[PDB]
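Asker: Work out the full structure, taking the sequences as your base and the hints as a guide.
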Amino acid sequence: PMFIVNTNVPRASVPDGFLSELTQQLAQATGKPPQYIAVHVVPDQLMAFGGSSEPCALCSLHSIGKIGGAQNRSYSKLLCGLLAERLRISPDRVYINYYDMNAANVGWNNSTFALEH
Amino acid sequence: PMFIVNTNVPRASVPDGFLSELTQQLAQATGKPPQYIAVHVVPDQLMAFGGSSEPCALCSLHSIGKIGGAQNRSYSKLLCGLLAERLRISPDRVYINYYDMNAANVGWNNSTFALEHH
Amino acid sequence: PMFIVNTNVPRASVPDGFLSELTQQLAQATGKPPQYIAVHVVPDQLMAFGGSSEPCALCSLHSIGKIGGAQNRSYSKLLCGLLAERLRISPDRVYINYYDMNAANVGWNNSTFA
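If you read the protein sequences in the order shown, they are chains A, C and B. The first sequence begins at 1 in the deposited numbering and counts up one residue at a time. The second sequence begins at 1 in the deposited numbering and counts up one residue at a time. The third sequence begins at 1 in the deposited numbering and counts up one residue at a time.
Calculated directly from the structure, the hints in this document are not laboratory data. Don't be surprised by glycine CBs; every beta carbon is placed ideally from N, CA and C. Be aware that one or more of the hints could be misleading.
[Stated by the list, open to error] Which bits of chain B does chain C cover? Going by a derived footprint, with three or more residues having C-beta under 8 Å, they are:
hint, stretch
1, 51-62
2, 76-87
[Said to hold, decoys possible] Quick look at which bits of chain A chain B covers, simulated, 3 or more residues with Cβ under 8 Å:
hint, stretch
3, 2-16
4, 50-58
5, 76-82
6, 95-109
Answerer: Below, the structure is given as structure tokens:
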């Protein structure tokens, strides 16, 4: 899985431990091994939510499977919770785009995750 | 909706009020309320288009619905026009990827926009 | 086509010629003319792969067609090869998301490719 957060929150406000907390909690939430979890945090961004430049975040989560109605709501509760607690961003100023990736459409280690045919 | 612009144009070349103009114009174009429009501009990027590092932009528009052939043609005229006028980027050096998002695949406010079923 | 690479490798470690090599090699790999290839490199990123901040890369390739099983494996061998040779990133610390874009969902030059 791949999780990206873009935010106008300053880099200085990103707490020690944040990438690791995201890695571990996403490994657990998605059921994928932590060795395969990638996280990417992009602070100090020029962005607005609703025309306001108060703290906000635009995120994406890509996973091969484990994407769907109830699962995505659980991911959103988890991730908004972390963004609120760690970055002081209001949950109603976060968007997370979820992508259910086909294994053939993910590159890794000189090939893809479609190794069957 | 979510609109992202990635460009090699300098930050100083991004006019004050650009994010607000994008918000208002996108609210008007999509019919979605401005309170729900998110805009993101990323200047000073290391990029090339056609092998050239002249001004260019790589953009995305995500929306739950309001995405389609004719609408996307309209969005493209609108957005290329704004990037040309405000950032001085030529329309033939802009790519805009459109994404029609399912409500269940957009997180917001501790949940998603799929609030109807369990 | 458009190719984006986000990496925690420092900007100074990106070699002269890198954007041009990507442009030209993707033009060849995808069969599309180089004048329509867009490339975007974002160094100095705060990221981790498997909980480690050793060199890694998160990438995307968007194309109208020319996306599929065998083709994507070929793109990945090409791109991981370039990332290893040029940026010293291990192939097993690279993810590349491939997107087969509908022509109606790609805007360019005031209209779309549809």
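Asker: So, for every hint listed, does it hold in this structure?
Answerer: Checked hints:
Taking a C-beta to C-beta cut-off of 8 Å, the stretch 51-62 of chain B contributes 1 residues in contact with chain C, too few for the three needed, and the coverage statement is violated. Here the stretch 76-87 of chain B counts 0 residues with a CB under 8 Å from a CB of chain C, which misses the bar of 3, and the coverage is violated. A count of 4 residues in the stretch 2-16 of chain A with a Cβ less than 8 Å from any Cβ of chain B is obtained; the coverage claim is therefore met, three being the minimum. With 0 residues bearing a CB less than 8 Å from a CB of chain B, the stretch 50-58 of chain A misses the requirement of three and the coverage assertion fails.
Look at the stretch 76-82 of chain A against chain B: 0 of its residues bring a Cβ nearer than 8 Å to a Cβ of that chain, fewer than three, so the hint is violated. Here's how the stretch 95-109 of chain A fares: 8 of its residues keep a CB closer than 8 Å to some CB of chain B, so the rule of at least three is met and the hint holds.
Hint check: violations occur at hints 1, 2, 4, 5; the rest are consistent with the structure.
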